[PDB]
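Peer 1: Listed below are the residues making up each chain.
Protein chains: 4
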Amino acid sequence: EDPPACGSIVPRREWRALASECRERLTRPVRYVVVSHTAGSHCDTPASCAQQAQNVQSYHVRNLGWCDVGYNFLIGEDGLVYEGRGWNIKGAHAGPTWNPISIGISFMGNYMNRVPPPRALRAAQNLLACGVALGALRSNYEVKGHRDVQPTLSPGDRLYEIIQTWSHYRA
Amino acid sequence: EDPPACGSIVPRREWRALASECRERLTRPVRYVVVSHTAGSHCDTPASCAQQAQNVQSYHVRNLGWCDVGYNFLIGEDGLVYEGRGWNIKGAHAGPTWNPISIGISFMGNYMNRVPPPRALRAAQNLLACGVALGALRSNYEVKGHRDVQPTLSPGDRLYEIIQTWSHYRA
Amino acid sequence: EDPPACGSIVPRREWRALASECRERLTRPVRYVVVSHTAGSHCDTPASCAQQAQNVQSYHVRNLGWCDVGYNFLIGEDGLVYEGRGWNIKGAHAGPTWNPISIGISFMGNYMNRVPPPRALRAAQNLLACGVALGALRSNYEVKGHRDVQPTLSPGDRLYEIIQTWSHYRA
Amino acid sequence: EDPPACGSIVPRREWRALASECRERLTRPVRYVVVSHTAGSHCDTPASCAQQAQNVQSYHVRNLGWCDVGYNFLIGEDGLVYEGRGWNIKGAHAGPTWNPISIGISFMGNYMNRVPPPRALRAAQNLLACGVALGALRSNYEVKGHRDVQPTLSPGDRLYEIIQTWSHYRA
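Heads up: the protein sequence lines correspond to chains A, B, D and C, in order.
Under the entry's author numbering, the first residue of the first sequence carries the number 1, and numbering increases by one thereafter.
Under the entry's author numbering, the first residue of the second sequence carries the number 1, and numbering increases by one thereafter.
Under the entry's author numbering, the first residue of the third sequence carries the number 1, and numbering increases by one thereafter.
Under the entry's author numbering, the first residue of the fourth sequence carries the number 1, and numbering increases by one thereafter.
Same shape as in the complex, but just chain A:
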């Protein structure tokens, strides 16, 4: 019955993604969101960012044999959100104790000592709002950094430092 006003995702078909092989479903609503970086190249145009989208989905599939790209959603510095596993499918991104209960969104780039552009941040913040809108995320959603759920520098020092200032970031 209910769409409260969503957000605009670049379909898999658009960034030319290999078909997903995953069947494991995330149980809806989800309470946690885990933010990370791909520690890969950055892209600032819709065109390069679709390339970036497929290179990451390919390390993940052709080299680690996962069923699809690890994250549920990706984020480009071009201000757009590329669709990964989406809101419904479980997705390898932060350890087995955390993959079944959270959504993983990953900024595409390495923000160890670089900050994402205001558009990247608006992209993500608005995505979560759409999530709450469809009811795929619960309004009590808690945003957690990846370093907060496992021994990794992700999502990078300078973007980590930033997500902490968000309304939903929890201890």
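Each pair may be met inside one copy or between any two copies, as identical chains are not told apart.
Straight-line Cα separation of at most 25 angstroms, SDA-like style, residue types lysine to any residue; simulated pairs:
hint : residue 1 : residue 2
1    : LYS90     : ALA133
2    : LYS90     : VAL61
3    : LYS144    : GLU161
4    : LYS144    : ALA19
5    : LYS144    : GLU1
6    : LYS144    : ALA171
7    : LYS144    : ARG62
8    : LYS90     : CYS22
9    : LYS144    : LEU18
10   : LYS90     : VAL56
11   : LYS144    : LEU121
12   : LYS144    : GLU21
13   : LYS144    : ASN63
14   : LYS144    : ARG119
15   : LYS90     : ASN55
16   : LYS90     : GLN54
17   : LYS144    : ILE163
18   : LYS90     : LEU18
19   : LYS144    : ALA133
20   : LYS90     : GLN150
21   : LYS90     : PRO3
22   : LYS144    : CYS6
23   : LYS90     : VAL149
24   : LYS144    : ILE162
These are calculated hints, taken from the structure and not from any lab test.
Dock chains B, D and C against chain A, hints included.
Peer 2: For chains B, D and C alone, coordinates are given in the frame of chain A:
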């Protein structure tokens, strides 16, 4: 926060806009939404699209002497929505009959023999969703094409073809 | 015509409030209002109510060592509103999830078996109308009982039946 | 190692706890213990209580949408201790400051003008004895009353006077 789930709009601050000096308030709800095309050059990256937004505004302000870019919102092929006069300051896009009752959104470029990428069309359709969500737009909002309201060759044939598709398009 | 034309709040120095020490800021407009009750003694005179206000303030500041009384506004059965930490400061009234996105207004007294006098109710409704008139509260703001966001019998079975009857009540 | 036999707690599972979604952790050895009361109806048979324990959790997770019942343990007039969020997971019972450094045991009942039966008191002090032996509580933990750290009536008046008596109670 543009209250609700306000679908990622690039702010005036960000595209380096000149201060609006517009004073007329839009009467709320804006039942009609008129689509047009600047009939100017187009842009596919956000960088090129900032500077394209600037161009449409200086022309409107320095040359025509208007209080600000005539459009409430400008859409780029970079798939982003650029803020102009916004949801409240009234626009200069369809003449006096329509200007005080409709919100006007323009696609950057001339769509006479060119189609806008689905990201542009997505960014537009999703911009109206944040419109309703805000109470800026009646949920039962009616989309008109420029031609429909004025003696004009815009949105451009191609873009006009498409908006007939839209569920909210009107006779 | 249209100015503030807000109701009439008894300011801090009028009831000898110790110096606020709070520095955290609510960002307006505010979307939510959480109705609480003090669960203490009630009062029906400007004199006794200004006394009550102070007790409640001290318990919260020396006993618990907080930076000021916890609520943003206190309603008295005398028919007046006692300025709590006001429209602009983040105040401790309903957990770390709501405190930053809501206004806490406590109805001095205990309302499990007791109804507040019309005065009280109007003092509270008035205060809210006023809050919108000032752009402190979002116009479509929502009212949620204290027990609707935290484990507590607050506001009192009887007051709770009352606020549920409001147009902004929405849980 | 030396058995530490204090365990005589009813598992989350003998009273049918819904699965918890909480994942934040207390650091052992925990220094503080906060005694609260549920302010709800009490129970005195292990059957009527397991119900009550489910009733409380239902409120916390289904209305307030919390990841699980907020207290770490619950005592009943039945003389039994109910596993809540247990010894290692951070509860939600006394606010942002206390939650991280304390355990919240809470008596199931309204002890405003009632005393809890001796068996409940025994079960509680025994429960604490447990914590120290397991190494979960510091050998010299400090008991604090719910109202001593937050604006409320808990642990109930007569029960508040009773704990003020204990040897680990502190200012």
